[PDB]
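For reference, the chains in residue letters:
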Amino acid sequence: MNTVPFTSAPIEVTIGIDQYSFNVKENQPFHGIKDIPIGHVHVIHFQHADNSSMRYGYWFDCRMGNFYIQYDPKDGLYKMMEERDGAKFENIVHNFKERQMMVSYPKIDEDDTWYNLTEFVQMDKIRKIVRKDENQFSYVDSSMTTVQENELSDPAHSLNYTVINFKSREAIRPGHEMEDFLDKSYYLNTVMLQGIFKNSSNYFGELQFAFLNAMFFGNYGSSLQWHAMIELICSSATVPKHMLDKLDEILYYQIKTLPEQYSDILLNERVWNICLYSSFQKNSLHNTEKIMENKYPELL
Amino acid sequence: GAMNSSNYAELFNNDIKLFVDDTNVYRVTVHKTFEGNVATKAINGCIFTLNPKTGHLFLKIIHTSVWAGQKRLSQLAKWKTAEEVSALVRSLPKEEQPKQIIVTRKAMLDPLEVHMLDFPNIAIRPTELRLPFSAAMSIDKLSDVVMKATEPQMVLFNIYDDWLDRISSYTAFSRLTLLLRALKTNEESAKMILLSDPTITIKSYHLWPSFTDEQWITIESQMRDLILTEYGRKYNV
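First to last, the sequence lines map onto chains B and A. Residues 1 to 152, 170 to 317, numbered by the deposited numbering, are exactly what the first sequence covers, in order. Under the deposited numbering, think of the first position of the second sequence as 1833, with each following residue one higher.
For the record, the hints were derived by calculation from the structure and aren't laboratory data. Just to be clear, a hint being listed does not mean it is correct.
[As the list claims (entries may be wrong)] Dumping the calculated BS3-like pairs for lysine-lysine here, alpha-carbon to alpha-carbon at most 27 Å:
| id | chain 1 | residue 1 | chain 2 | residue 2 |
| --- | --- | --- | --- | --- |
| 1 | A | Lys1980 | B | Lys184 |
| 2 | B | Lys184 | B | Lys128 |
| 3 | A | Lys1926 | B | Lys184 |
| 4 | A | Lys2035 | B | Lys184 |
| 5 | A | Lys1926 | B | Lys125 |
| 6 | A | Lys2035 | A | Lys1980 |
| 7 | A | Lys1938 | B | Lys299 |
| 8 | A | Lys1903 | B | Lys299 |
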């Protein structure tokens, strides 16, 4: 089990750790989060009490180093930092644990929610969607734009998601215009899976990362990316059976986790109706279709 | 974006543009089979591609052979239309290629946009105008060349005949839309109006009769009368 210690909590803030969240008061004696499960990527996120705008946060993996949070009163945010001095870090964490100034990552033993949401998410790939190579962790916030958004303006502070565009020469083979537009199997299987992602695991990894950026930060470009990656599979007549079965499980857990009140802004009516009712895969997403019908029948 | 009654004059500026109408591309007769089921028999069609400034009509004849062994023909028709418009643009020299293509039906936007990805600088646009281009197959010489085609064929016309010698393209287009609207609302009455007086003939190289300016005013008046009457009948007002 790993620990993300905090120097202090000088400003009142809602702290998120994965799907959990805690309120911390201005100057509350808070020194961080312990018992974090090793072997998963994690996100630690923040919404200031004084500014319910700018949700922001840090993707990290505890196996990649010793990370802590410290408030910066110049930039006005909780910053993730790496401590390279192993002994100084173990010594700081042990003191804070002894004085019980840390909240415990509150995992239920039965509960596989975080694993199911992050199954294909790999910290090494995140660092290539969010290029800040001097850090082992990745900052994301509500306002960050995608590379594809910046096409249609600061490239260093952008989300470098795989560009998907159904009305593109990349998506449409010369002389297969109608075939490739109505059946995107060639764009999915040859261009995207074989050409760019190499395998379905990396495709699902970016899809799961886009969803989580949309849910935790309300990042609009992330939402667009999540829906684009779903729509490319649902609009393909020819998808490996294992990809459809896994996609069904991935989406089921995403729909299960989505706050009930955020369905109006985080779910694209057109994409879901297409996937569940119109598309080649209308009969292939049993779990996803049952939970969507029982939880958001309005949207459909 | 979309073309309407406010940006109507744009049709007659010096930017090359084409209207595409796909309403006569896929044409069927519906009939009873021996077992008393219903079947369609396709008949020859046409893409109506018109430069509204010059009157140049690129009539691509769609021979029934293009549908042989194909499924979802109403959907294929839109993509076949996009494919032929694309091939037409690529066959034109650069300085003759349109800067805009206006489709009369919104269902053509994605088929044409995907077929024209190679031409990112050509704007594909819908219109809110209810243009009567479907009535093109009520023009006898256009109907005749379509029905006689034994193979795919492109035939070039000027749908304004020699009108631009005497009137502006704005007036030429308004005369064309009024003739086509008449033909669409009541073909028989419209065609009776046009051919009543056998001393006014159609030149071999024309589609419409050789009316003097005065006879056009009378004809144009008779077409408006036809259109308003039928409207009163349709809607009992």
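Would you pick out the hints that fail for this structure and give their numbers low to high? Violated: hints 1, 4 and 5.
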